[PDB]
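Next up is one chain by itself, shown in structure tokens, the form deposited in one PDB entry.
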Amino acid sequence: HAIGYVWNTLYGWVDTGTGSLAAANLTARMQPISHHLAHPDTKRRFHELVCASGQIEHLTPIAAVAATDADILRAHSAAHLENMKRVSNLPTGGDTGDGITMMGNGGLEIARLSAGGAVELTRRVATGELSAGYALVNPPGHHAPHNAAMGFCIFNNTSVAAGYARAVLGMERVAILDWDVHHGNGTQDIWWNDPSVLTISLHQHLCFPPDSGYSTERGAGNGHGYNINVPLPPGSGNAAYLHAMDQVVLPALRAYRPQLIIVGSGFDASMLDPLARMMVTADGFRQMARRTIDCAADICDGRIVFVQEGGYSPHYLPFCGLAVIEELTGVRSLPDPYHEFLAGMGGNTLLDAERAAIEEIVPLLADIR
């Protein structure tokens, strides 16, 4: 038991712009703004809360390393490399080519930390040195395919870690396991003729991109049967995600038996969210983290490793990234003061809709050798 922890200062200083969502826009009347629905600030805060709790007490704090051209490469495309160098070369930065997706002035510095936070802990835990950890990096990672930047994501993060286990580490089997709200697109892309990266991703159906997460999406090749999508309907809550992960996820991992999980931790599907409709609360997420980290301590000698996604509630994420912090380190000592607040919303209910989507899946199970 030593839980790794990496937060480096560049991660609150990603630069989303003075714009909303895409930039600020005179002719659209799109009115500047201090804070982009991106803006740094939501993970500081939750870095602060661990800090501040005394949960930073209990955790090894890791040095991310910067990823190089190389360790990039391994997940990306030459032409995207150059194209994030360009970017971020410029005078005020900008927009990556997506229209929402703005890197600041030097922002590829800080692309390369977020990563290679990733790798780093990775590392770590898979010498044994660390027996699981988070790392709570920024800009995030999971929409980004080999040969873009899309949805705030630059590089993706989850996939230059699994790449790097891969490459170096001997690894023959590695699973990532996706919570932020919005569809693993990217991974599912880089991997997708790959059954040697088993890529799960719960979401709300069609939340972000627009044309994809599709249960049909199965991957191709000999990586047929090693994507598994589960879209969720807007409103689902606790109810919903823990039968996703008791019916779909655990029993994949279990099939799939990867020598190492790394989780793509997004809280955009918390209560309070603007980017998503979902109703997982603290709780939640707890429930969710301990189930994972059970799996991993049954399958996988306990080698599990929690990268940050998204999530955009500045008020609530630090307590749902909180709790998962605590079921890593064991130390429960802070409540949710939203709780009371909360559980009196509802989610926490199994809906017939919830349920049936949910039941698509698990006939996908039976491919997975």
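Positions refer to the first chain, counted from 1. Take the two forms, find the largest set of C-alpha atoms that superpose within 1.5 Å, and that set is the rigid core. Compared with the form deposited in another entry:
Once the two forms are fitted on their rigid core, between the two forms the CA displacement reaches 2 Å or more only for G93 among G219, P145, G93, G213.
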Contents of the next structure:
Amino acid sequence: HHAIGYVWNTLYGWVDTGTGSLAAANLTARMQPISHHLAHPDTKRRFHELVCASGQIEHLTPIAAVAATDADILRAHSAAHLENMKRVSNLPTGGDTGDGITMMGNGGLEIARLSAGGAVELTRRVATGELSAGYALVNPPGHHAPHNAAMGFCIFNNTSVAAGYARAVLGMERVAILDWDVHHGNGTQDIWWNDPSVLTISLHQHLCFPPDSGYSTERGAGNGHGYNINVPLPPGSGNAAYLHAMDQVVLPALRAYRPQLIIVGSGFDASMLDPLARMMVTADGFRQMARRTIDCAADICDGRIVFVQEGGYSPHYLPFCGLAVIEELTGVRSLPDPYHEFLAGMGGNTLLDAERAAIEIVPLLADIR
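Output the form deposited in another entry next; the form deposited in one PDB entry has already been displayed.
Just this one chain is shown here; partners and other molecules are left out.
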């Protein structure tokens, strides 16, 4: 049938990103304090508020986040990492999660558990058939956190916690994670590196972040060899490149693999107005990407698809990119993208030779059994 779940929790908007821009404010470096860190939670809150103010919320089934348990977290992460996060969160003013930039406040583990747990709860309810699909608008994000660490503002790897739950608790034999956050999903890649039961795909700007990963030659290991697929694209790639990648690589990979559930790491940092990447995707591009992936799920896994928020750093534009994806889930297309004409004139809608060549990963599809 048709019932679309939606997860927002007030505390997703209360993540304290501090007073720096990216790293902390630093007087010796003359990095002046600023009100809004690049990753400030207001960007995602504005998406939530637009979901409500547009009336999309009336077509969604609100789903309460339920805190991820230690057992849930341990399906994706090491005990040492979980214990370190408990340690850092218990410090009187929080602290450094290990990388020197990713911080948690005192009690910040509460929000990290609710973020991973929002993904799990939506996954559970879609997998059982209570819901047909859904969108978990979580924060903090997940895809940079590998098995043994926090990284890139990610405390736990939300989509991997959800995949682990689908595998262990729901008994699914095959799950796919499709990450279209513009940054390489190195954490997700790491977690399932040796494991063919979770197909991991990352469409991203080549070497945007991290600086040393996301190459096409990173394909997994052992029994997992062939079950990690990176699609690095050049800076300036737009809707044409992204849709060519979907049609030539992503959708064929999903059809070859036959997952029982598709989890999308849904970032909007590939947008035309994002500060933290150089891509040219518009809300109409994300719309088409979502439509294609939802339709693929309908064909191959009884429509079982869960979108989980990753990055995106335009408070101005991200809400409209997100809303387009929500509208593809609900089928209620009731608000225009007010930037559409303005951004459409900038380009990205022609498949350039260098973009085409980057996508033409195609010979690796044959190794997905």
